[PDB]
Amino acid sequence: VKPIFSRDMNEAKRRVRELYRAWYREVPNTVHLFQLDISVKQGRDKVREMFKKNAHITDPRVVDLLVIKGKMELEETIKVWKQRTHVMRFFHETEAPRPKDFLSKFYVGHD
Amino acid sequence: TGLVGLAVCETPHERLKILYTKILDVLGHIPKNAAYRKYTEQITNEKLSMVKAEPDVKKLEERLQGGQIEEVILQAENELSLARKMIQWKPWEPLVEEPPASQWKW
Amino acid sequence: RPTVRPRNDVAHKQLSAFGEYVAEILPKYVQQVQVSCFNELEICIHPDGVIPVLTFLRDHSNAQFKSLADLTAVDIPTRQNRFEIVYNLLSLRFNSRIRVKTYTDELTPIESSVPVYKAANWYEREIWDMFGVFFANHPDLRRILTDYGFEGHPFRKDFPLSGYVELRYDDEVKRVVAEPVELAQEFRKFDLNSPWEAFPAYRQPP
Amino acid sequence: XXXXXXXXXXXXXXXXXXXXXXXXXXXXXXXXXXXXXXXXXXXXXXXXXXXXXXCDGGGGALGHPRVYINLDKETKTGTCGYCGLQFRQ
Amino acid sequence: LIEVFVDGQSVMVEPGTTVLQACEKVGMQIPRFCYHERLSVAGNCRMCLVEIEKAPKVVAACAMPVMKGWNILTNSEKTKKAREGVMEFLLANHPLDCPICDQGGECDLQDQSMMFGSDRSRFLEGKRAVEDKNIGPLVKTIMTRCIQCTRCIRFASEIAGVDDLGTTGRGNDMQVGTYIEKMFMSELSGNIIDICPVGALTXXXXXXXXXXXXXXXXXXXXXXXXXXXXXXXXXXXXXXXXXXXXXXXXXXXXXX
Amino acid sequence: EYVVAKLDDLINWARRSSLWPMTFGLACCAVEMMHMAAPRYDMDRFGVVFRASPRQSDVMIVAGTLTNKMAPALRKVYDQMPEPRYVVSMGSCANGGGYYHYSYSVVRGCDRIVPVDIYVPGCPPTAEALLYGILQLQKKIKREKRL
Amino acid sequence: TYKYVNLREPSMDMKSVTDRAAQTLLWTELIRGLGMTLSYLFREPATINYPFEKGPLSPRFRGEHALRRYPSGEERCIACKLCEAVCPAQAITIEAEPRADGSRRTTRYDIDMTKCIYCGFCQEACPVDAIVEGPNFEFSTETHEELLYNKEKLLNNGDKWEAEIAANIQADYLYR
Ligand SMILES: NC(=O)c1ccc[n+]([C@@H]2O[C@H](COP(=O)([O-])OP(=O)(O)OC[C@H]3O[C@@H](n4cnc5c(N)ncnc54)[C@H](OP(=O)(O)O)[C@@H]3O)[C@@H](O)[C@H]2O)c1
Ligand code: SF4
Ligand code: SF4
Ligand code: SF4
Ligand code: SF4
Ligand code: SF4
Ligand code: FES
Ligand SMILES: [Zn+2]
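Residue numbers (the numbering used here), protein chains in the order written: chain C, 1 to 111; chain G, 1 to 106; chain A, 1 to 206; chain S, 1 to 89; chain R, 1 to 256; chain Y, 1 to 147; chain D, 1 to 176.
The shape of chain C in the complex, shown without the other chains:
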């Protein structure tokens, strides 16, 4: 039984859920205490898209490592640390290129 990591395959699914609950309650608290920034409604959708990219589930070792990493980048506002409105902003604001078209990307000349 190597290596433990933290929990078994089925138990790892509910560890992320426990992390999700604590972070779901922080998005109304990161507006009033910190800064206005964007919105409460748009902030919650920014959380959901982060977990969808990480969604694979094949090994308990990979899932449990994401929990500990999640208990630092999302713990940055739990005990209230300084981010100065530059950190914690995960989504790009000044980055506007999203081209996925053989026709679109080739016109801009890339790769």
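Some hints could be false.
[As the list claims (entries may be wrong)] Stretch-level coverage of chain A by chain C, calculated; a stretch enters the list once three of its residues show a Cβ under 8 Å from a Cβ in chain C: (1) 144 to 151; (2) 175 to 183.
[As the list claims (entries may be wrong)] The calculated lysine-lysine pairs, modelled on DSSO-like cross-linking and capped at a C-alpha distance of 30 Å, are: (3) C:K71 with C:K2; (4) C:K71 with Y:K76; (5) D:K54 with Y:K139; (6) G:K17 with G:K32.
[As the list claims (entries may be wrong)] Taking CB as the label site, the calculated pair distances span: (7) Y:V49 with D:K15: 32 to 42 Å; (8) R:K80 with Y:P124: 40 to 50 Å; (9) Y:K76 with A:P180: 46 to 56 Å; (10) Y:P124 with D:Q170: 19 to 29 Å; (11) Y:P124 with D:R108: 20 to 30 Å; (12) Y:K76 with C:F90: 16 to 26 Å.
It is worth saying that the hints were derived from the structure and are not from the lab.
Virtual Cβ for every residue (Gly too), placed ideally from N, Cα, C.
Use these hints to put chains G, A, S, R, Y and D with the ligands onto chain C, whose structure you have.
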């Protein structure tokens, strides 16, 4: 008189003899065939005889310490904790664990 | 030799006795490989038990090291097991230096040195930041040498020197400093590698 | 030599009908005096007697490692690696 | 098949095999100047001089075969005395060009001095200079930088076809040039610049453009002419300038 | 006409007279920045008075290496400065990393975070060369407000 | 060796106690400390004002980069990519093409002041002694573009410092 460390050098003889006699009994519980018991005993028996021979002189403190009796007592105070931890976690008596992948050369 | 040799070996025979002394205990749980070269000693330890090895060398009557001052980690992708945590130890009463190593891939959690040593926890934070090696039963695993919103681990050989997110413009936004810009100035990759092996005996058979 | 734009130094074109270069307009562009190796051929060629002669800039003080040049081809000028100094006979 | 020990370790080899050819199987490379890949075996340098277990005089690796089961040491004291000495003979009449020289890092003689040559001192007074040899488009040849060996001499007669290069004198005044003023034919003689170990023959298009350092190598197949494949092309920031032949087992015989 | 033109130079004479620096303890450059206070090469009441606090000072001297952890920190300090403000990036780290530059953490040249008016190129910024960083600053202040 | 910081109580009885109590009751030793800076006020300051007076230096000193030339014209730099490899910052860039006919010396030569830690490495690594470091101090620009050196040119304009370089290199050959 004052010691170098934070722990004050209290005037107590035979105090060092108590802790060294305690650890000898702890070693003779689980490991007997293992080398951990056989090798630690010969250091302690040699050290205990030096305390019995010297009558409260600084030369007794100069025997493999040379920082007064207080510094030697700290090594004896943590000796019981490490001996109990060695008996609790099986490592000295048992040897059956797996070996790593054959690679070492850089 | 006048300027050819640095120092003559005389204490090397006495230091070789240490390599036998710990090996005389003979655990498959601990010992494995003992290497000693250039007035120093190196021991590598099986991942399952590291804490019982750290309690040893500390306190012990014959070898009283106690101070586990320096704590390093190696980044190497040649082996099947990647990272290698290396402990550097020093004795103040005995006056000697010994080395403790780990061999596991350590992407999976490894045993912590916080119950044994009080300053090791700060060095443990350095390993998790730079490499990504989690320590089990560690009190407060905070980030030190990494950014507050940093993805990945900044030291790994698998990713570039310049980094993914590194460039920070002020631009059109009034206060928010940018991150997503990734282009930097060209670091010249030197493809230099001299023919012929410089040293004998270091050559390994295929 | 210069044509319309700023003078070329050590073979460097400015711009074709002014397209790329625009920054060097308010501030005056730099120029090195005698950078077209005009001073290289200005120095007179020294006469030699031996078949091969060692070259030096100004002894061991000035930076010039020793190079031996053969003067036997007659048609060839015979110059060292570091200097443009020519040797005959 | 007969087994002979090299540096105590025994290795299997054929009945007719060179000492340098047998050492490669045991993962040990001796200092070389005269090739072993495709060019014919010849002396004319005595760099690869190695001492046997019981021998009054040291023997060359190219010439002397193994034959009988005899032990030969590569890291011996007698072998080191030769290698540190022969280098001093090679550089006694060397023109000194290393910064100006077209090669710098690629030069085989440059690397061997760092690993095997005597570093402490060099005693020399007056080095002989040779006149420049006539060359057409490819490979601007400098006769002074040449160490006077037999590598390019045999390459013109065997690999290229029509002979051009040879011996011109007797002593130190001997040159590797053509002696008669005539331009070398193309065919496959462009590989001669890549053949020479020293900075004697180097391509005129790639002359004083880029050093061995900073240029990053990448393997790519040749487009011009069929069958020819695998050639290293140096990037050297944005635009490629240096092209070199990559080693192939069957595709190309160490020549582009 | 003439009184108006000379009054603008009189306001600019106050910045020519005295400018208070910020004690950015950012790297090794900050040690030579302490050598400006050291008697042998002094600007102490020659035109420089050390006091700190970003709200009171006129000139901020970025003294060394800036990282991504420091990019949000230095930016608002420059914003905490009064509007007539001057930034002197002193050292190769302040100009684009001493070495670094191709490193992961170091922000290149300060100009990516905060705009710079006077550049000092010196790694170990010699106090002799540092004195230009304040003297050229005063010389650069020539004309303000025409209309 | 042991120096010992502890005094183990200087006071004992009558005379040794009262004088140690007198300094703590009023001041005395603080007035003695006040008189320490009194003499420091009396002695002349070792101060140098820059626009007129200059500070002490050395014959070997590194500042802004400038490349040298031979007494009878010609570029002393040979183009090696040597100094490029030694450079820890990689501030120096070099690309070379043949100069018309015969000589082969440089085309691209940029030394970025955005980097460069000032080692004197490129001054030492150079076999022909092209980059010789002068006693430069004055360098201040509006932009980064004005700061970083172009293809020689400004580095060739080190002729205004080459007169000092020739005097400094006389202390360099047969070192000090
Ligand atoms: N109210 C709005 O937001 C609004 C609504 C609809 C359309 N727009 C359009 O969008 C634009 C907004 O620009 P803005 O008003 O933000 O610009 P602005 O603040 O007036 O800035 C223009 C700059 O140009 C210089 N300048 C202009 N005319 C000059 C003159 N005759 N002589 C010397 N200097 C001169 C000024 O320098 P000095 O200060 O040194 O003289 C000033 O700094 C307008 O052009 C307008 O057509 C604006
Ligand atoms: S042939 Fe090799 S060793 Fe000789 S000068 Fe040229 S590069 Fe240097
Ligand atoms: S040119 Fe090169 S290959 Fe030909 S003889 Fe000279 S050193 Fe040997
Ligand atoms: S420029 Fe040089 S002295 Fe200044 S902070 Fe960077 S490394 Fe230190
Ligand atoms: S400065 Fe010196 S080392 Fe650098 S390329 Fe020029 S000659 Fe070579
Ligand atoms: S002084 Fe150092 S950092 Fe500056 S150009 Fe020379 S080698 Fe590069
Ligand atoms: S390398 Fe063997 S004879 Fe030249
Ligand atoms: Zn010359």
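Could you check the structure against the hints above and give me the numbers of any it violates, in ascending order? 7, 9
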